[PDB]
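Colleague: Listed below, chain by chain, are the residues.
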Amino acid sequence: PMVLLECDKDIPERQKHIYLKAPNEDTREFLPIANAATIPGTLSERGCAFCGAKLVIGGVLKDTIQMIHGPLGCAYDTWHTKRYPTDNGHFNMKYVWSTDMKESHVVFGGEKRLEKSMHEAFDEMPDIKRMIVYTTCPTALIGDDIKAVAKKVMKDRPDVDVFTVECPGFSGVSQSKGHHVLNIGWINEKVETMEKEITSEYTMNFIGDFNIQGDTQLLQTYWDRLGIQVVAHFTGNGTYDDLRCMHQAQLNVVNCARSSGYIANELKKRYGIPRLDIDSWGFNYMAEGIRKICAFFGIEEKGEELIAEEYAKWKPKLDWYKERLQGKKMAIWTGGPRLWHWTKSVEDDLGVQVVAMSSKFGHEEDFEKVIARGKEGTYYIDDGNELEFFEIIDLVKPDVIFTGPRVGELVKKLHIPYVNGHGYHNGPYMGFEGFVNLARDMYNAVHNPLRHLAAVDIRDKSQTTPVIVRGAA
Amino acid sequence: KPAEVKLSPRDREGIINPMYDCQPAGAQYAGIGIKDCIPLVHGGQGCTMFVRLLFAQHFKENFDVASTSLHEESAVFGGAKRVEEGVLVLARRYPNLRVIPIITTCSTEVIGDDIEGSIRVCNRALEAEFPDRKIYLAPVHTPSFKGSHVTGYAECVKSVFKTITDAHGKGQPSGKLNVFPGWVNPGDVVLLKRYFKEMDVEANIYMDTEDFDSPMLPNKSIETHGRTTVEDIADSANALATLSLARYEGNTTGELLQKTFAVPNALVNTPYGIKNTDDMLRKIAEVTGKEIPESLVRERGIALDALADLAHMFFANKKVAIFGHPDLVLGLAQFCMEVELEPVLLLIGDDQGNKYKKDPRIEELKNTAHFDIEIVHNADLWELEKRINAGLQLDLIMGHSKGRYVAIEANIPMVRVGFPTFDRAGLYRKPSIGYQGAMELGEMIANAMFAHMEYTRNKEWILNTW
Amino acid sequence: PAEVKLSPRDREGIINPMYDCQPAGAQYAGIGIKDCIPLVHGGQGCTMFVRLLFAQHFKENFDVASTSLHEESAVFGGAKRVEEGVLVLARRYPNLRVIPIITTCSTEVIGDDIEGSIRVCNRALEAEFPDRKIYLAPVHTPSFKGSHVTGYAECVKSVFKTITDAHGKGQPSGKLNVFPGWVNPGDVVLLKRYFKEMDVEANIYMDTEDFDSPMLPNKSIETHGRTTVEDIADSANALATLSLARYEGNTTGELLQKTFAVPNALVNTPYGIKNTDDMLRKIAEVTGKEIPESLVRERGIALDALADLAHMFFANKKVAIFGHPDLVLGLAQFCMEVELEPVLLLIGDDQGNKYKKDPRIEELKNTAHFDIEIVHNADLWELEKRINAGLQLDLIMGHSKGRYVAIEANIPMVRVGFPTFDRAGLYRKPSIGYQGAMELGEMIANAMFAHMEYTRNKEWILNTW
Ligand code: CLF
Ligand code: CLF
Ligand SMILES: [Mg+2]
Ligand SMILES: [Mg+2]
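The listed protein sequences correspond, in order, to chains A, B and C. When you read off a place in the first sequence, starting at 1, and then add 17, the result is the number in the numbering used here. When you read off a place in the second sequence, starting at 1, and then add 24, the result is the number in the numbering used here. When you read off a place in the third sequence, starting at 1, and then add 225, the result is the number in the numbering used here.
Read the hints as simulated data drawn from the structure, not as lab findings. Careful, some of the hints might be misleading.
Calculated cross-link-like contacts (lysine to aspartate or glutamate; reagent style DMTMM-like; alpha-carbon spacing at most 20 Å) [claimed, not checked]:
1) B:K483 x C:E633
2) C:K421 x B:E484
3) B:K244 x A:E450
4) A:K478 x C:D502
5) A:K169 x B:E140
6) C:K358 x C:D260
7) A:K111 x B:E433
8) B:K410 x A:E305
9) B:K314 x B:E226
10) A:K334 x A:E317
11) A:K111 x C:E678
12) B:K221 x C:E422
13) B:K244 x A:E403
14) C:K507 x A:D474
15) B:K158 x B:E108
16) A:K213 x A:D259
17) C:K542 x A:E450
18) A:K478 x C:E422
19) A:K361 x A:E403
20) C:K444 x B:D329
21) A:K478 x C:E518
22) A:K26 x B:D375
23) B:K379 x A:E120
24) C:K683 x A:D104
25) A:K330 x A:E340
26) C:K284 x B:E108
27) A:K478 x C:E515
28) A:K119 x B:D375
29) C:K284 x B:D333
30) B:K410 x A:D411
31) B:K244 x A:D411
32) B:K410 x A:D173
33) C:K683 x B:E433
34) A:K26 x B:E484
35) A:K478 x C:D503
36) B:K244 x A:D416
37) B:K244 x A:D474
38) C:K358 x C:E308
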């Protein structure tokens, strides 16, 4: 049934957002409302639309200035917070750019301030030739025309190319609208503005993977072994110009259908490129995804050779962790898709029971997927807030929580360990090896002497201090 | 040609690699140090969530801050109802809540929401709904297109003190000092508490952030809270005097309490290094009539003993760049010269240069330095990287962790100071001010240099009989 | 196949010794006594090199004298050098009260009769200084057995025997005796705070807090041990002895039990959380005093800090540890609490027959999920050679004379034990107790973090841990 938590008695609209799956229900009658307005004052976990454009998608690129048109805080706040390495020295993580909007610019306009800042950025780093300009709350409100500015800068600097995103934080309700605006703008303005050499009979784009701790680079070892050319990664370890070539691919392989389904859908519509949805987290999921890709291309045997070698290399360690993680209870409190990518994969491959899930910004689509794959007795929460997390802990008593670091540091006080479900602990977590990495961190999180020590009150004469025996795969 | 101390602005309009966050972030930091306080940030959701993450990076702890969740409708038609609902949702769900600083953002400053009017609405609504509670709503005007998190911190402290002392007024003299240490770590607060205890001086430290470093307890209780209460803030009207340690981080509240309540304010140099600590203690003795204790003479002497093992051997003539909050940059430059380091480049990150030019510590540096010093105001961290790229030779950087890649790539040892220091463990527990703090800064500098000598094989055999 | 194995060094010679010889440890014991100047009976290097070693660790001078054995004494015996040395000390240092007379390899080989010289000097001193008492303690420390660890223990025991022989049993003091072993001033400061917070009166033997002495306006020299004759004499009258170090003072606790019926309680050296917990439980047991809330809180702050590190940065990382035996075994237990894997433990002297009986071995055997090699009679070449043969380590914990092993192998290294001369201020930083466990864990993490930056090994990950 839908659940009215005690902490939500005075915001009873939250009942429509929390589903406890029970036997024999027709789940179509119990789909959480999702992607609706946030309730003010709740300590919702949601971020802003600008975040979804710059931090999540655009800022992954290795060769692009990220020009944030606004006051300095939006820039400061999106710098030193992500773990998306590159193969060029992590340019994307080292720098952030602001137009340093001041009061004058609010009153009289910021277009000249943006123009000057763009020329300065290109002058300070002459080997960087690509830029994305983002609006933020106040530059949207005052109506600065960033597309016109970008057009002028490109006329004045024939060596550069600039893309613009109109993504103030108050757009939409969450990060999600930033994903949408960036996807649609990119396909409308930049796809089919360049081409690259095709060097394989088999070509694809990999859509919706952001190279967290090197995920994309690990998956690329598969594509290289299979002889498949990736035209563009959207956007993990990617380049601006590769994204201009996306119309050339034969296949679009989608992992993050939430942030990046939009562009896959438009590429299918405009160019006829099929959309294949996979799960690139999960051990047996990864095998299924490789088999689908190889079946599409007619290279089934190459796929079987790869899968056999990866199972021989990694399945024994995975099974060691499954033996020790069987029956452990997990919560997943992340953006949305990892709920449906992980609930059944940790169950199948690790024996782990996901007892509670919360999505910051998922849509009803995401809840359809997670509820289809998820257990009975589990809580499914749209746009969860901090007091709800405490009540859910009291209801389901998780052994481990996959969530962001700040919430991890909160639940530590309750003696509950965490794994960073966003930026990982010791990743990558995609692929065969990556699911072993995920399992290892879950194992070390839960089988942790400090948890046991913390429970002991040394003042209690009846208590001793235990020693715990651990293992390694 | 005599040494010159030169102030100059950043020569670019834009920013690359900002040194500070925006005003609302600093207002949030001020508020999280108050017991039974949840700041409410009136604007889009990122303005809250990114700052809660920033605090988690520095402290490795959660702090509670709420958003009004400005969306499209409210951006176009006004956000008063988002404020008003957010205050009520907080009060309904947090029965012990007492203080809500209502912090504006760029968005809600641009659209001109009437925060004082929303507070009147909310006060009416809260008095009807909760006749047995008193919740203090403080209007905090922090447009992000002026100043920085430094100015936003100062503005929020001042507004919260105005709000609470307006309600309570002046009463029974307390016999206590007010102390505004500025934006410091828990370890700095621990040290100040010890100094006041050893000198038998009663004081309130605003804000008391000691418990930000909270235990993991057998009973699972959460103690990660500010310790400064409504009552403590209200009592500031009754103090003997205010000791303001930070010109840019709370002195304006000391000034307000002097103007409103005749509490005399004493602004001193921020106590980085030996002389500044000595002069702070002399001021405390003057205002209180209490003697400086032998215990502090001894702590001072242990610090000097430790620093004397380092200064002429390892520090003399080494060139340093320092960035961070202005009180910290200027104070660390003075500390550096006590130990024979040469702070040749000081970077201060905001638009307050008209004030910095009048800081008496500039003149103190002009009258002491034997080497040129460039003080860049309105600086970003690209101002540092570009100068190194152009040939500036540095032996040490002192600054916060968002400058780390500058030091890493240039192969320059860096000591992490100020806020945020997320890329090393435990620094929030270390003092940087006072005598113990001077000692621990100097030993961090030496140990950073020593490790660098080993990694680079630069006379690494010399670390034996120093 | 899960095995903790003890083995000896397989070479007769030493390359890169882990410890100094017995007389050096006896000197260290003595310099913690107020109004004490040890007299080292042997050649001059046996004194001067050890005064240098203490200056390397502490960055301070300590006073120790030599008998200056020369060629004539090597032929005819050196008793007259002892006797002269005692009188020259007494005549030139009017406040001197205690002289441990420490033998060396030379004076052990030639068989000088130290006890006979002490009788001569006691008669001379009583005649020449009628209103003074100087305690001469014979300390037999041949360097061709044991190590500075054994020498420390021997000197403490001899000094206590000498002083308590002279004063005997008096009125009950209500205090604990505490022998922390060979620890830093910072460890002593932490223990004093624990006993203060628990409202337990205690003497810490020796009290080395003031080794970290101020540079004072009045130019006063305060770099002295604080343990007095009176403090040592009062050990006879204690409620109980708490011995923290099996190899570094427990034998003095036993002597006081045998002689004065002061019950001795030997506990695991308090490295890490459990060992600290168990120390405090023993204190509570023997005193009847409750463990205070303040120590529950310090414990919780340490656990909170270590929990930010253990599964993220420490789990499955392989560690080698060297140092004094009580420190090595205690740090191995601490390592395990934070998910580190101490695969190689090196203990540097000939006391293997004792180490095989240490109950902490069994505590490791019953807990480790990885093989542990414990090499006794080890030198530091035992570490370097194993690394050269392929042993993969993520961390070394040990004293500064191992530094080049870590530097050349490019392995991060945390400086622990004695001497730690190649970093600043470590003598002031506790390693024992809850705050010490936290400080050690954060040194480990910060050494790893710097290493990640210098080697460009996922250095971008240090943002949102
Ligand atoms: S919801 Fe998002 S992060 Fe917020 S402002 Fe809006 S685009 Fe940006 Fe920016 S400068 Fe500071 S952090 Fe805000 S108050 Fe403005
Ligand atoms: S005066 Fe010189 S240093 Fe002294 S012993 Fe003689 S040659 Fe040597 Fe050696 S082992 Fe220790 S330090 Fe001595 S007691 Fe013997
Ligand atoms: Mg000293
Ligand atoms: Mg903590």
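Colleague: Run every hint past the structure and note whether it holds.
Modeller: Results for each hint:
no. : hint            : result
1   : B:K483 x C:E633 : holds, 14 Å
2   : C:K421 x B:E484 : violated, 42 Å
3   : B:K244 x A:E450 : violated, 36 Å
4   : A:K478 x C:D502 : holds, 12 Å
5   : A:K169 x B:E140 : violated, 43 Å
6   : C:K358 x C:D260 : holds, 12 Å
7   : A:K111 x B:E433 : holds, 10 Å
8   : B:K410 x A:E305 : violated, 50 Å
9   : B:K314 x B:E226 : holds, 11 Å
10  : A:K334 x A:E317 : violated, 26 Å
11  : A:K111 x C:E678 : holds, 14 Å
12  : B:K221 x C:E422 : holds, 17 Å
13  : B:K244 x A:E403 : holds, 17 Å
14  : C:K507 x A:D474 : holds, 15 Å
15  : B:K158 x B:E108 : holds, 16 Å
16  : A:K213 x A:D259 : holds, 8 Å
17  : C:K542 x A:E450 : holds, 19 Å
18  : A:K478 x C:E422 : holds, 18 Å
19  : A:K361 x A:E403 : violated, 25 Å
20  : C:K444 x B:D329 : holds, 12 Å
21  : A:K478 x C:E518 : holds, 14 Å
22  : A:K26 x B:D375  : violated, 46 Å
23  : B:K379 x A:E120 : holds, 18 Å
24  : C:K683 x A:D104 : holds, 12 Å
25  : A:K330 x A:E340 : holds, 18 Å
26  : C:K284 x B:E108 : violated, 63 Å
27  : A:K478 x C:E515 : holds, 10 Å
28  : A:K119 x B:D375 : holds, 10 Å
29  : C:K284 x B:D333 : holds, 8 Å
30  : B:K410 x A:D411 : violated, 53 Å
31  : B:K244 x A:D411 : holds, 12 Å
32  : B:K410 x A:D173 : violated, 25 Å
33  : C:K683 x B:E433 : holds, 14 Å
34  : A:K26 x B:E484  : violated, 66 Å
35  : A:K478 x C:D503 : holds, 11 Å
36  : B:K244 x A:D416 : holds, 15 Å
37  : B:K244 x A:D474 : holds, 11 Å
38  : C:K358 x C:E308 : holds, 16 Å
The structure fails to meet hints 2, 3, 5, 8, 10, 19, 22, 26, 30, 32, 34 from the earlier list, while all remaining hints are met.
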